[PDB]
Amino acid sequence: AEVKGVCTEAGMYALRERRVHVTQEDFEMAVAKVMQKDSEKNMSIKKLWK
Amino acid sequence: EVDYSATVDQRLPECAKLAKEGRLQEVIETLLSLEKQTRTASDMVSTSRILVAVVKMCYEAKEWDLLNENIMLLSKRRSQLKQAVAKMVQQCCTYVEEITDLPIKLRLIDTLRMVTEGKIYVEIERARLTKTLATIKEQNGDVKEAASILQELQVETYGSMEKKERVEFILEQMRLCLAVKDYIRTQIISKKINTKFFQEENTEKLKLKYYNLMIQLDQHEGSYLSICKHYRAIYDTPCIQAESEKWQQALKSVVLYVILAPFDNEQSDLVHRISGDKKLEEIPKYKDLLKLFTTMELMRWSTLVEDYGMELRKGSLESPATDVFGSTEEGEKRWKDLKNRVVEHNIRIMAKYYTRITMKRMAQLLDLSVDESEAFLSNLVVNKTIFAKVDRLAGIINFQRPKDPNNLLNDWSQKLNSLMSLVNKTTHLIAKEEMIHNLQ
Amino acid sequence: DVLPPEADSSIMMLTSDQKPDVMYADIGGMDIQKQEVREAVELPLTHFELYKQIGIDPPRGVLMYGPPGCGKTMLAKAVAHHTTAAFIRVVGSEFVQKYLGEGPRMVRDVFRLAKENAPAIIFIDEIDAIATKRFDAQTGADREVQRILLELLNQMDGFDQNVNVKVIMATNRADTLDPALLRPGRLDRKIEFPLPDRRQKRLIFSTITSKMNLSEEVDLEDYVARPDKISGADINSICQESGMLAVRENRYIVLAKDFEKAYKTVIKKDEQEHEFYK
Amino acid sequence: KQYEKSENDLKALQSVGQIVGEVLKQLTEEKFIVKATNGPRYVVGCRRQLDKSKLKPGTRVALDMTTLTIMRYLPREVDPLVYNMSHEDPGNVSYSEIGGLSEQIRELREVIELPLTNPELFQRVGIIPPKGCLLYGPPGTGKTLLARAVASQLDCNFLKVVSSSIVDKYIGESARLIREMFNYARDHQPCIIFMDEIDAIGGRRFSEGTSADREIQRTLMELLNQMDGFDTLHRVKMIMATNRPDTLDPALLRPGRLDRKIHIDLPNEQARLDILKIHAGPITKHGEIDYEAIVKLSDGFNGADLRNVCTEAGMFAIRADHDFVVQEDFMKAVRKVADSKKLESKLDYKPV
Amino acid sequence: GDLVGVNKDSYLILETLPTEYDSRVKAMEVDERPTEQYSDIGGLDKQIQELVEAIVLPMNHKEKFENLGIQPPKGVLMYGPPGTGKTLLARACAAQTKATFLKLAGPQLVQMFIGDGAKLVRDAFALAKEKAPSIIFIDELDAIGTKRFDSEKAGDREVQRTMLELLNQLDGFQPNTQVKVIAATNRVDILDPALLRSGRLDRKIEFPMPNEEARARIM
Ligand SMILES: Nc1ncnc2c1ncn2[C@@H]1O[C@H](COP(=O)(O)OP(=O)(O)OP(=O)(O)O)[C@@H](O)[C@H]1O
Ligand SMILES: Nc1ncnc2c1ncn2[C@@H]1O[C@H](COP(=O)(O)OP(=O)(O)OP(=O)(O)O)[C@@H](O)[C@H]1O
Ligand SMILES: Nc1ncnc2c1ncn2[C@@H]1O[C@H](COP(=O)(O)OP(=O)(O)O)[C@@H](O)[C@H]1O
Ligand SMILES: [Mg+2]
Ligand SMILES: [Mg+2]
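Residue numbers (PDB author numbering), protein chains in the order written: chain C, 357 to 406; chain W, 17 to 456; chain D, 141 to 418; chain E, 38 to 389; chain F, 148 to 366.
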């Protein structure tokens with residue numbers, strides 16, 4: 357799921373920059389966003405358990 | 017809940033006797049105890065009486081430090097009564113009015129302001145104290161500081177204060193800002209006043225003051241139309257209308273500024289309305305100038321300066337001049353602006369009549385060199401006042417817009433429609449004539 | 141006779157007297173959320189010649205989820221105020237109705253009205269009422285609710301990618317939602333609205349106190365720095381109680397004492413854990 | 038007079054009713070789309086001498102039975118349930134009958150009454166006045182008494198409802214009634230909506246439950262969207278009283294819906310003394326009555342128990358066949374009620 | 148909210164009809180007027196004194212309470228081990244009083260659908276109010292009056308809602324002064340505090356297991 361989502365996020369970042377091609381920096385930012393939000397969800401679940 | 021009226025009435029005179037004898041400290045201690053009891057009981061009248069009497073006793077002793085400390089302490093006393101604090105502040109304001117020494121007055125006023133800062137019940141008192149402090153600062157010779165102090169206030173919000181007082185405060189703020197040379201701030205402040213106010217019962221002096229301040233503000237940078245409107249408002253006041261000289265000056269200013277204002281629909285309407293006034297007869301020359309600027313014919317700057325040059329600039333004892341075209345730099349600038357207005361009027365008329373003119377002829381008719389006329393026309397075209405096209409190689413100025421085939425055909429159609437309507441009207445008139453002259 | 145496109149009972153936003161009064165400026169911070177929301181339902185309306193070039197497909201809807209009181213409905217009101225497209229506001233609890241068929245009929249009518257008014261936004265608040273994951277299929281009530289949800293899914297999938305009809309849905313409990321809603325083609329943009337951090341707290345405090353009087357002695361940085369997990373509603377309530385104390389004491393200026401007391405009143409700390417731990 | 042009445046009856050017999058419907062849209066000058074409350078939608082005409090500018094999309098209308106022509110436009114309907122809510126009778130309780138609650142009265146008034154009399158202060162400060170309050174505390178502390186006092190002594194419109202009574206068996210009717218209640222408040226601004234015993238429908242929203250549970254949560258979601266949603270309420274206030282603030286949704290307790298959480302705790306010594314004075318005033322008492330002893334013996338009591346002390350003292354007097362009460366009777370009553378209190382669990386819960 | 152008979156075709160009001168109450172609420176009323184004198188109860192003298200002086204006396208001799216300026220007791224709860232003479236005393240009170248009596252049972256108020264229980268409770272109180280001075284007897288109160296707890300199990304919440312409606316009817320907005328209440332419970336440790344309050348169930352009468360003299364009198 358994370359690998360699928362990072363691709364779409366990189367595409368959207370390329371869209372915002374307004375170019376028809378995805379970039380390595382776009383992929384880096386996409387991973388930084390998706391993995392961080394997944395970690396946020398995990399820690400939220402941990403707090404709910406607490 | 018527990019009245020102390022009898023106790024306060026019985027005690028206060030004794031405290032006054034002791035205070036005048038010289039028992040200040042003991043009397044203040046006892047009155048403070050009584051005030052504590054009254055505040056706990058929630059006795060508004062008793063607390064107010066105690067506070068006012070204590071302040072009066074401290075005042076009639078020339079104990080200024082004691083007065084200040086007592087006022088601060090009694091204001092900060094826990095669960096104090098707002099009405100009691102208001103009464104104390106009112107009495108202290110009377111005392112501040114009476115006092116004369118400058119630093120003592122300053123310190124007392126500062127303490128009162130610090131006490132009454134941010135409090136709805138005592139806000140008119142703070143406004144009056146701030147006005148007095150600003151007046152004192154200005155008299156001492158700090159106009160910038162007085163303007164800042166008076167501007168810090170926000171009088172449009174105080175719901176308890178009366179409209180007359182609010183308008184007076186706003187006008188004072190405007191005057192101080194103009195004296196400190198802050199025109200943006202002056203305009204922002206002046207926006208507060210509602211012109212509908214100067215119509216109710218007595219808004220005559222305030223109306224005149226406000227309109228004069230607005231005249232100054234606009235005249236700073238040149239707002240001739242608004243200046244004319246302000247002068248019309250001044251001229252409308254019955255106080256000015258009663259005296260012949262005042263209304264005469266007002267009408268002179270109105271006409272002159274309407275002349276000076278650039279051309280537009282509002283300016284034309286104002287000029288027509290001003291001309292349609294019977295009182296103008298008493299100002300004959302100015303009426304002639306208005307007619308000159310309203311008639312659609314060429315006018316000459318030399319002729320205008322020859323005829324009205326002295327009457328509108330130096331004046332005569334029978335009809336005094338006006339500061340519109342004085343000998344100062346403002347008057348010189350206004351004279352130059354009037355010349356520019358004459359040139360613009362000439363250009364507009366020679367555009368209403370004339371499809372094509374030569375640059376030499378336009379300069380000869382505007383009384384300017386070819387280069388100056390070219391610059392004037394170019395500025396007008398760029399500003400979009402009039403339409404013109406300069407063919408520099410041939411020296412021709414074309415005042416007619418391009419004619420599209422749609423435009424030509426539309427003109428032809430309009431002519432045909434007008435012809436048909438005229439035929440119908442002629443037939444109606446013919447029928448009427450035949451009816452009138454045929455039966456007999 | 142064939143009547144005009146819609147008679148309808150699900151009325152459209154009058155957008156002249158029912159238009160909210162919440163600006164974008166009235167909201168403080170949430171720049172990322174504003175970007176995402178105004179991108180997922182205005183960017184496809186614009187452009188679209190970049191969206192396929194990179195192989196990603198435009199999102200049909202947006203799901204706003206977060207704790208209770210961090211700007212969801214406020215942002216919805218802001219977009220309604222500042223958008224020229226037609227607005228169709230609904231609440232999930234409205235779909236469920238006594239008579240069978242009425243719920244699906246209402247969903248269909250809503251989406252048909254949105255289709256008829258070409259650029260339109262459909263906003264369903266508290267979608268948890270309809271999109272609950274669990275269900276007891278031997279009641280009839282639950283069966284009708286499931287029918288409403290299925291009809292909503294069918295309508296949302298039945299889009300041709302050529303009509304500017306976007307759907308926004310706000311839910312405080314995003315875990316309880318049926319995965320079908322999150323399936324691609326349906327809601328695709330999940331925007332989080334978390335409790336403000338230090339910077340968002342500072343911006344919210346500034347934007348809410350810019351209207352109050354706020355005597356100079358008040359330093360909002362001390363309250364921003366405090367490590368309390370509070371929402372924008374909490375911040376607004378802090379300011380509101382400070383103003384209430386000012387009014388009670390009969391002052392038109394707010395003081396640091398009032399702000400401190402309001403913070404204590406509104407951010408009431410939970411029961412303290414005993415010290416023999418730690 | 039008898040013949041006048043008979044003629045009026047005969048004339049009134051020959052009169053037919055009119056279908057009641059809602060106007061959805063105006064197609065042309067003489068064509069409207071109308072939805073009869075039954076369910077069907079008709080294209081109908083309009084009577085000529087009728088102000089058609091007043092037939093907006095939602096106006097109630099009376100339709101002729103035969104031709105279905107629009108013959109009258111009527112004000113928005115008020116459900117009999119909402120009428121009954123508005124037409125309750127909370128006696129004539131006055132603020133003097135409440136003892137020990139001064140700060141709480143001040144706060145509740147600041148929320149409900151002050152913004153409805155002096156909006157200028159709030160405008161000057163720069164804050165929108167708060168909307169809702171939550172009266173929580175042990176039983177018998179005075180929440181419903183405070184609500185009754187507000188309703189009796191204040192001049193705004195009042196809507197009293199019980200959350201248990203809001204619920205209905207059919208699907209969606211609870212939410213429908215909440216919507217109708219808030220529409221009534223919006224129309225008759227200013228209004229106070231008092232939802233007593235809120236925890237009946239306002240509870241933590243679970244993930245695993247039942248159909249009835251989900252129906253109640255849908256009702257709660259409708260209520261929340263009404264209190265704070267796409268449409269602001271402006272001049273409608275809310276009061277809610279609960280003995281169990283802990284079992285409430287964070288969304289409902291959020292400081293945008295229930296701004297103030299007022300705590301009505303068990304009375305202190307002074308509160309007990311004031312309540313005893315209030316409830317023992319009207320009794321015919323012979324001899325000195327030392328309320329301090331009763332207060333000292335009535336620790337842990339609530340207002341209802343302090344009233345029951347007076348009631349039991351009067352009952353002891355009636356048993357003795359006396360036309361007056363005495364301190365001995367009061368002491369016996371306080372001992373009796375103290376003994377009775379043992380059968381109750383003394384515990385309070387907070388909004389956490 | 149009234150009930151009116153109207154013409155079938157003209158839809159014109161022709162007659163105002165008596166109010167409508169649920170069939171269950173109507174069955175709750177007592178028509179046979181049981182016959183059990185106070186003498187048939189042996190061993191309970193303090194408890195009978197309390198019950199009569201709290202229920203019957205206010206209805207007949209209201210002048211005493213009005214003169215003394217004290218409100219009559221509101222509600223009587225009877226609790227004790229089973230077989231101690233609670234329903235018997237309720238029957239005796241119904242027999243000796245000639246005011247309206249509404250017999251009721253705890254489980255009678257728990258209903259399948261949501262809101263039906265509260266509807267029944269409010270309809271019963273409405274009927275009691277309509278029919279002059281009246282007495283409502285809620286036996287097996289523990290069926291609906293159980294303590295409120297924060298539990299994830301449904302079903303209990305419906306009976307809790309019915310209990311909240313009953314609490315409001317007993318004491319709340321719109322005070323009631325014409326319908327009394329008698330309640331009998333085998334258990335008081337499980338009853339909710341809001342139901343055992345002093346404004347709803349004021350007089351909590353304990354019914355102990357009989358002593359030697361009580362046993363002799365019963366035999
Ligand atoms: N950034 C912000 N700036 C200003 N006010 C804010 C901000 N964030 C939240 N608020 C406050 O949020 C309150 C309304 O909350 P909002 O409508 O966003 O709720 P919500 O998150 O949709 O609620 P729920 O999660 O219960 O559905 C407004 O009073 C506003 O004061
Ligand atoms: N004190 C008593 N004197 C005479 N008969 C008694 C007494 N106590 C109980 N009985 C007899 O008990 C029989 C049944 O008692 P009843 O059902 O009324 O008691 P209860 O306390 O209401 O019971 P439970 O707790 O089981 O509901 C009746 O026939 C009654 O004669
Ligand atoms: N503080 C109080 N002052 C006077 N009477 C009180 C007080 N608290 C409770 N009562 C009594 O309780 C009854 C109302 O109960 P109330 O306390 O308003 O609701 P709740 O018991 O749900 O908090 C009234 O009959 C009143 O006599
Ligand atoms: Mg929301
Ligand atoms: Mg029994």
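Read the hints as simulated data drawn from the structure, not as lab findings. For every residue, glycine included, the Cβ atom is placed at its ideal position computed from N, Cα and C. Do not take every clue at face value.
Once the Cα atoms are required to be at most 30 Å apart in a straight line, the calculated DSSO-like pairs of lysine-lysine come out as [said to hold, decoys possible]: (1) D/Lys397 with E/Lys378; (2) E/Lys373 with E/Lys322; (3) D/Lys401 with W/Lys52; (4) W/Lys307 with W/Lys349; (5) E/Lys93 with D/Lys238; (6) E/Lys378 with D/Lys159; (7) E/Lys378 with F/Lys209; (8) D/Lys408 with C/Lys403; (9) E/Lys378 with W/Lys98; (10) W/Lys225 with W/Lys352; (11) E/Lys369 with E/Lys314; (12) W/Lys400 with W/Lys448; (13) D/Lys174 with C/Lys389; (14) W/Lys180 with W/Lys52; (15) F/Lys193 with F/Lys173; (16) D/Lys409 with E/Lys298; (17) E/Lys333 with E/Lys373.
Non-contacting residues of chain E with respect to chain F, defined by C-beta distances greater than 10 Å in every case (computed) [said to hold, decoys possible]: (18) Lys62; (19) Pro152; (20) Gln160; (21) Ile165; (22) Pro227; (23) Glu349; (24) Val362.
Hint by hint, here is what the structure shows:
no., hint, verdict
1, D/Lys397 with E/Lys378, "43 Å, violated"
2, E/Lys373 with E/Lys322, "19 Å, holds"
3, D/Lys401 with W/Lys52, "26 Å, holds"
4, W/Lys307 with W/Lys349, "23 Å, holds"
5, E/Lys93 with D/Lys238, "27 Å, holds"
6, E/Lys378 with D/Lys159, "56 Å, violated"
7, E/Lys378 with F/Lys209, "28 Å, holds"
8, D/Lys408 with C/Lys403, "20 Å, holds"
9, E/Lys378 with W/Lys98, "46 Å, violated"
10, W/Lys225 with W/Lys352, "29 Å, holds"
11, E/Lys369 with E/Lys314, "17 Å, holds"
12, W/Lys400 with W/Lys448, "50 Å, violated"
13, D/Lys174 with C/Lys389, "17 Å, holds"
14, W/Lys180 with W/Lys52, "39 Å, violated"
15, F/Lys193 with F/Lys173, "33 Å, violated"
16, D/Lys409 with E/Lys298, "14 Å, holds"
17, E/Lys333 with E/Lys373, "15 Å, holds"
18, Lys62, "27 Å, holds"
19, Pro152, "24 Å, holds"
20, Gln160, "34 Å, holds"
21, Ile165, "29 Å, holds"
22, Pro227, "20 Å, holds"
23, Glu349, "8 Å, violated"
24, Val362, "7 Å, violated"
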